[PDB]
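Asks: The residues making up each chain are set out below.
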Amino acid sequence: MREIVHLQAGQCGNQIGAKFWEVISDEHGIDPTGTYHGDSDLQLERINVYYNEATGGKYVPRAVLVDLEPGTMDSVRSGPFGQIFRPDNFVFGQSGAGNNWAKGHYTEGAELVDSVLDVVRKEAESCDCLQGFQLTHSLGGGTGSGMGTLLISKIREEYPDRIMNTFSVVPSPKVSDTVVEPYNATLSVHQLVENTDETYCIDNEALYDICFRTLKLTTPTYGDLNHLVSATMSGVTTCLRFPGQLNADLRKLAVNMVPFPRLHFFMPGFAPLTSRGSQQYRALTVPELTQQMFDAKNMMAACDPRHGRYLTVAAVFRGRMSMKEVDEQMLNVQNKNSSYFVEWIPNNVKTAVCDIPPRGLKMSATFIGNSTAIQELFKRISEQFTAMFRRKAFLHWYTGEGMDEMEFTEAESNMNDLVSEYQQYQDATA
Amino acid sequence: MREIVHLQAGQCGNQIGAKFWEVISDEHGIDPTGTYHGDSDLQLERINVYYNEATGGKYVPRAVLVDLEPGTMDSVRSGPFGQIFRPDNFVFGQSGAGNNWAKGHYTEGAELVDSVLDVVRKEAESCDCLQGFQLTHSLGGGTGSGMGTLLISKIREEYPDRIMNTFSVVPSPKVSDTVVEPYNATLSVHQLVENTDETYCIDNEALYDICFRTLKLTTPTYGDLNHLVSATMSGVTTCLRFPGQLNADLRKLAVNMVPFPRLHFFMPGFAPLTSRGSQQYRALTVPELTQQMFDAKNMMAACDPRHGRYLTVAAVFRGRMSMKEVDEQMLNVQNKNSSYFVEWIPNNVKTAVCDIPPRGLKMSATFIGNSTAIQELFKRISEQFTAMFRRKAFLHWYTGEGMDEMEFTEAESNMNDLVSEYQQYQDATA
Amino acid sequence: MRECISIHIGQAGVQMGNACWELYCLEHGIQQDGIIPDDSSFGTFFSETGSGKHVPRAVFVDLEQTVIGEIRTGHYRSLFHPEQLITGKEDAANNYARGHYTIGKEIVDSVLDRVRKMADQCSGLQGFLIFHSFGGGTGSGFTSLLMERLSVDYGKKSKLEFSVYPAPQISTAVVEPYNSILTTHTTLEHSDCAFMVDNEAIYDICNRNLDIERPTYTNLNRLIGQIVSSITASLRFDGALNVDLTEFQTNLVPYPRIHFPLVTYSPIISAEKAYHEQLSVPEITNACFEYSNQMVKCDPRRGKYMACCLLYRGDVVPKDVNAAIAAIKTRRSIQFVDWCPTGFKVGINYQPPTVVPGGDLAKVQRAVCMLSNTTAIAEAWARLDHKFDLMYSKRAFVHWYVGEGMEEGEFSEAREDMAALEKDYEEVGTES
Amino acid sequence: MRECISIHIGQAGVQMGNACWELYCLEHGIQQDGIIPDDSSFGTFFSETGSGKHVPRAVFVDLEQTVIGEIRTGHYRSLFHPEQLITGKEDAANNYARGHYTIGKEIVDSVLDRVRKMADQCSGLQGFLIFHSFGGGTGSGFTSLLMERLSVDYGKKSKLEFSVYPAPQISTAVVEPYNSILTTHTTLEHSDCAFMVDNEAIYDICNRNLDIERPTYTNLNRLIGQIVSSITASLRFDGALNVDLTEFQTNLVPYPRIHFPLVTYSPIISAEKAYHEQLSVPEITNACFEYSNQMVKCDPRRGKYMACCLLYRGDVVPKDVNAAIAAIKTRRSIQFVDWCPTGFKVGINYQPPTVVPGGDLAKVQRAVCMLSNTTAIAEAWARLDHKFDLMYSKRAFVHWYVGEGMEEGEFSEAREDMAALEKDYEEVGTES
Ligand SMILES: Nc1nc2c(ncn2[C@@H]2O[C@H](COP(=O)(O)OP(=O)(O)OP(=O)(O)O)[C@@H](O)[C@H]2O)c(=O)[nH]1
Ligand SMILES: Nc1nc2c(ncn2[C@@H]2O[C@H](COP(=O)(O)OP(=O)(O)OP(=O)(O)O)[C@@H](O)[C@H]2O)c(=O)[nH]1
Ligand SMILES: Nc1nc2c(ncn2[C@@H]2O[C@H](COP(=O)(O)OP(=O)(O)O)[C@@H](O)[C@H]2O)c(=O)[nH]1
Ligand SMILES: Nc1nc2c(ncn2[C@@H]2O[C@H](COP(=O)(O)OP(=O)(O)O)[C@@H](O)[C@H]2O)c(=O)[nH]1
Ligand SMILES: [Mg+2]
Ligand SMILES: [Mg+2]
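Chains as they are written, first to last, in this note's numbering: chain P, 19 to 448; chain X, 19 to 448; chain B, 4 to 435; chain D, 4 to 435.
Excised from the complex, chain P in its bound form:
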């Protein structure tokens, strides 16, 4: 019933994937070996949403892990939690992508992509109602962009009707861990706009801000940022796993949060995010929880919503919560910040409540926002893309892997139109 199949590509995807299943297995009380030891029956009632089953209680999570070099996956396999995945799911190559989109999309991803579909289809025909696919990758890299966009395009052809949501890392506004991020990112966006139903744009820089600003923990970067991301994506799919007063769904959010086909890039947020030492100095009531969702302090995207206007907003609360407070506060938010919401949409907030909270908490909520302020991000990428491309900065690496500079112009022209479309919805009615 409403089965989801998980895809993770690239080094970032697998690590996020890896911490994505350590959280879910904790919610359902699933031992790393795959043996159930939970306490509440609701965990088993929908355990089939993510986990298959093998006699003896062994629950097999249907994730498909793909990367062009064995490096990262070998770490996951040797991880403490690597004993759970079906060995047949790991799809590993032997020549990783050197951050060039063309290699992971034309010459190297093409050779490995056919193998992955052979593993998706088995996990696709083993589900009685397959709701939609899930994908986690990075635009900047080569494998998360090249093959990720190649794979998302393929699964669109066979499963046009099914949902396909993407949690994707976006290049940071000012810092960069790769030099060719504009080329790779620009090509990736031109390829997602046509295939992906909903995308959750996130960036490390903004997510770094949460670590030291609202939390007080400087030591970790990748062991914990992924855990915030994992909690966020888990919140989105909670309604399909536990009972709720107002149950939501990947299709419900898409309809509510996607006015037009080409405007589907959101920016998530999560709460509560309190430090262990300051937690006892804070109330856990609904009102305060809702206040921090709409502040740029707790936005996992680099774009500040203040500069733009919200088009659609979705909240997915959790735990035993009073639905009156869940609704009075949203009416309060809309009126207080009337300039932050577009007039041509009378209502911009979607609510959903789940009875069971996340592990270690009694209250939580995942924010999903469609704001025109995200156009700044693409605008910025285009500025960087045109500057490098204006002199053919690195095109020789990309042309030499079965590609043409005409595609770059198409990717720049299509990107320019996405920015323009978001800009049209800044004006008010009439």
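In case anyone wonders, no lab produced these hints; they're calculated from the structure.
Worth double-checking, as some hints may not be accurate.
[What the hints assert, rightly or not] Here are the simulated DSBU-like pairs of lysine-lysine, each with C-alpha atoms no more than 30 Å apart in a straight line: (1) D:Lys322 with B:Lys120; (2) D:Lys322 with D:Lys366; (3) D:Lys322 with D:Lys348; (4) X:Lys380 with P:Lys140; (5) B:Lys56 with D:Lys322; (6) X:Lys172 with D:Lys92.
[As the list claims (entries may be wrong)] Chain D stretches covered by chain X per the calculated footprint, using a threshold of three residues with CB under 8 Å from any CB of chain X: (7) 178 to 192; (8) 217 to 223; (9) 396 to 410.
Ideal Cβ placement from N, Cα and C applies to all residues, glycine included.
Keeping the supplied structure of chain P fixed, place chains X, B and D with the ligands upon it in accordance with the hints.
Replies: Then chains X, B and D with the ligands, alone, in the frame of chain P:
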């Protein structure tokens, strides 16, 4: 009641034969000495299908082991399981065949063949209802082709009505353990098409693929490939040995799987084939079992069924299995792959269920498929045969052993017609 | 008295229905296991069996397996016949087109099969009760299918519906204007009268009167059970001047399109607070003619009443009812329409309301429910048409509906039909 | 009442027969050892002996020793006379020619010897019950032999047959079209009426109604036992308006060729599910006139009924039977043929169905079985003729049959005979 007499010729035949009886003796709980120690009574109820009996409980398997040199048979006799065969059955020569078909068919097999029939007839008149003969050999070699085809021709004359199925190793598409495989194979096919009721074409290359691809065991080649083969042929004859809801038979499969007399070369498949370490990460339900039968990953022939179309298909399930699932999945297979089945045959799947599973399992199934994709194999052999014969590559060895080049032309012309016939059944109705 | 069928559609209907059938079991003293303890009233809503286990005469449908699964495993699992609880495989995704054209029709025939088999096993049948929500895919798209199907096979039989009309300001979805208006276009010609209720109004009453700061749908649905229980009490319990199911439509529907009587109830008082009150007949009666006690957040004083049904309950002296009703007819603020001098319909049953265990509301000796039909509701429709026009003017969400086998012109027709509804209300508000 | 002989042919017949005789022993309380515990009814199906061990009056034949050997060593080994269980040496190999021309005739005379010795030891004999399968060699080729032989030596005596008609889509063999059509050509003129059943339909009902996901032939054959038990109940147990064996053919066979009444049964409800149901007479009666409850996967609404026999069982009020049957006669969807105004045949016996130990179906106080004859079955024959024409057009499998002493023209005659059957059905479906 429905007795089967086993024939094994050549080095490949005896080794396959040798591991063919180690499996059956395990199913019926027969000690290597020939003493019964089984637990279930059904083992004895049909133990007379393969094993004769001698006072004191000694069960004598009526196999006839023939080879032109004592080498291989001496190994079987000295084997741990060699104490079971009746010493009178071993028919050994003193000058083995040097892989030349003529010697094992005209000059050397002729001298030894009369001795073998003297041993078949005794095992033939000791059976109250003899169903049919069984033969295991190799086309590439000289003894498995020369004398094997000579013997199969003889037993056709005396027992035209009785069934005669052949499990035969076919030359691999690209690798070859002998230089004269086209000459030997081409002559063998021209001689089987007229005598053998059903043939199970298998090749090491395809069977190698199972070892490392679906299983994960690189060390063995011949000690285990023969065991996969032995399990396959055991599945085919299970209905004659154990009770079943829908009992099958060598004649039932022939009728279902042989539309025309000259189209009787199948290609088997077996399931489940899981590695010991990944077995616990897999369900043993009927649906998954049936999926891998129709994929070229689990086909013991080098020919991929995708390039061609199935004419007739037979499944022989085993164990306590729900016949509804056994039947719903086949309807599912036919509709999903409607392009893989010929229209002029409304139904292409034959099912048979046996209550008792194979040793060490609770579920199993042997696939038998008649596909026009097998014409590629003969087409390939003809390409190789015509190239060598175009310049008389090795004819002098064959002519000098009582043979004529006119026979080669007949073998090439008859082979060409077999390829043409399979090609006619690629078109659709009207 | 004769039977009445209940059809619960969508998450709202299923969740609301469970609250209702908790009350029915308590009124008739039926154990949650389905077996009555060790009489003629329950036959209208409960079907008999050879054993002592009575079966509710209701059907539950929901395109999403999640909501009904809670019922199928709850303490009422043994109460319902397993085939009644109909469940789909995927939700309608707050899409009118999905629940009405593509996925709604895949399971519509299955529901009819259970309605027919349940409708045929009654010698007489008053009609159908239907619970749904305008602001959902299943509760708006699938409902319209049943209203159409139930209009042909069982035409000329009552089809009463309680509906969660969209709230004026609060909203738990974004596409309420599109979905809500579409169903109204199709349900106008295939329904008798719709008992609208708004969650905003019910929340306001709960905090204003029930004096509990943190309510939930589990609490509101219990209040909604009371209006259903009082409405259908006449079909179960004896009492002077009983009101049948088919009487509501005649009294409260002057014209075929004007069939939206907003619900009202009284008294809603907490147990502790009730000890300081008298609860006289006029007190509860006059409590229903103020804009602070309504299940739909509309101000009656803005518009004019044109029909009212009063269903009194408990130990009621009808003489006081006559006197109390007469007073309301002679107040300037209270304004009825010119062409309806006879604008009331009284109903009394000798059965005081029952208190659900652990419930919030008190054990009132007497209660009253009103089903007034007021032209002030045209304000809500105009507001809904205003919100719809804002979105469809820019064509902001149609692509979801068009891709679900829905023609473009349907939105155009839907608004035009509602536009005529506004004018129809306007004309009725004046005098010729 | 007088005796009736059962002849079980092929793997289907033998396996199905064992399910039947488990029921008979339970109905009459006969121990599996054959000895009744420490009356006049069982004489019809059981033969007496000086000791207390009664012998079933049935004969089992199968060309393959495997199937019967299970019976010969099972817990019913002492129930059957050892000579009744007739076994060959080799199977017919799903070949009509083998079971009818070459190997069938080698053992046919042996079966007759036991039929005569068993038929002669009864003062009267109603007829023969025959169980077989169209999709086998023994069940189709050997059967045709017995039908011919039993038509001469015992002509003018009833020959009823339950048959496993090939399923529409599912298929456990490849040569079903050839084999199935051939026997129909020969069995048309040497049979009274054939009670067709399809495994596809029975599987669908089992998962749809019995609510068990993983059935098996051991389960379906128990369901098939019920239709046989209800059909023959009138010959064993007392009851008002008993129906004899020879009455079926007169009522359900308007013309000699049109003698294929598909079977139907009701109620098929699981033990747990039955506690939520009433099981009234009309409920079970109306459950047999929907295409979701049939043993042959054919839609009656596509065609027209032309004869129906209703064999009610258990504590039945015939007045309700009369009322329930009358209602079905006045529904537009239900359509009988023009020239058969009198299209029903009722039958009642005071013996409720018995539950096999560990069985799936519940202990129903009342049950009904229908043997309707419908022209919608012509669709199945047309489909079978279509599949046959696809193969024989290319001459794809005849070489197996020709080599078994079968002339080529037999296939030509077989299809032409079935072609006339289609036209005969078509004419009966209209009015002159
Ligand atoms: N009074 C009351 N209203 C409810 C309840 N549950 C949901 N609703 C209302 O239902 C409206 C939305 O329609 P839903 O019922 O949630 O959606 P649906 O009918 O299940 O259709 P889908 O979108 O396909 O799931 C919300 O705005 C709620 O106000 C409930 O338990 N009680
Ligand atoms: N209902 C039911 N059908 C069965 C059973 N066993 C076999 N069948 C049907 O029989 C059909 C094929 O004919 P079989 O009875 O198997 O073959 P046969 O009559 O023994 O003739 P041979 O081929 O010579 O063995 C299959 O398609 C099955 O549907 C059973 O136990 N119950
Ligand atoms: N959140 C998160 N991001 C990561 C992690 N590892 C890498 N990334 C991001 O992924 C990008 C590098 O992509 P990478 O996977 O190495 O490229 P590819 O695998 O060759 O396609 C960098 O911009 C990082 O910010 C991680 O563990 N967590
Ligand atoms: N499966 C299997 N094939 C074998 C074995 N031994 C030999 N063969 C095959 O048999 C062929 C050689 O035939 P061989 O028996 O040596 O020739 P002959 O005995 O002189 O007729 C080679 O192509 C091998 O692939 C074995 O143990 N198992
Ligand atoms: Mg819903
Ligand atoms: Mg048989």
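Asks: Please name the hints from earlier in the document that this structure breaks, with their numbers sorted from lowest to highest.
Replies: Failing hints: none at all.
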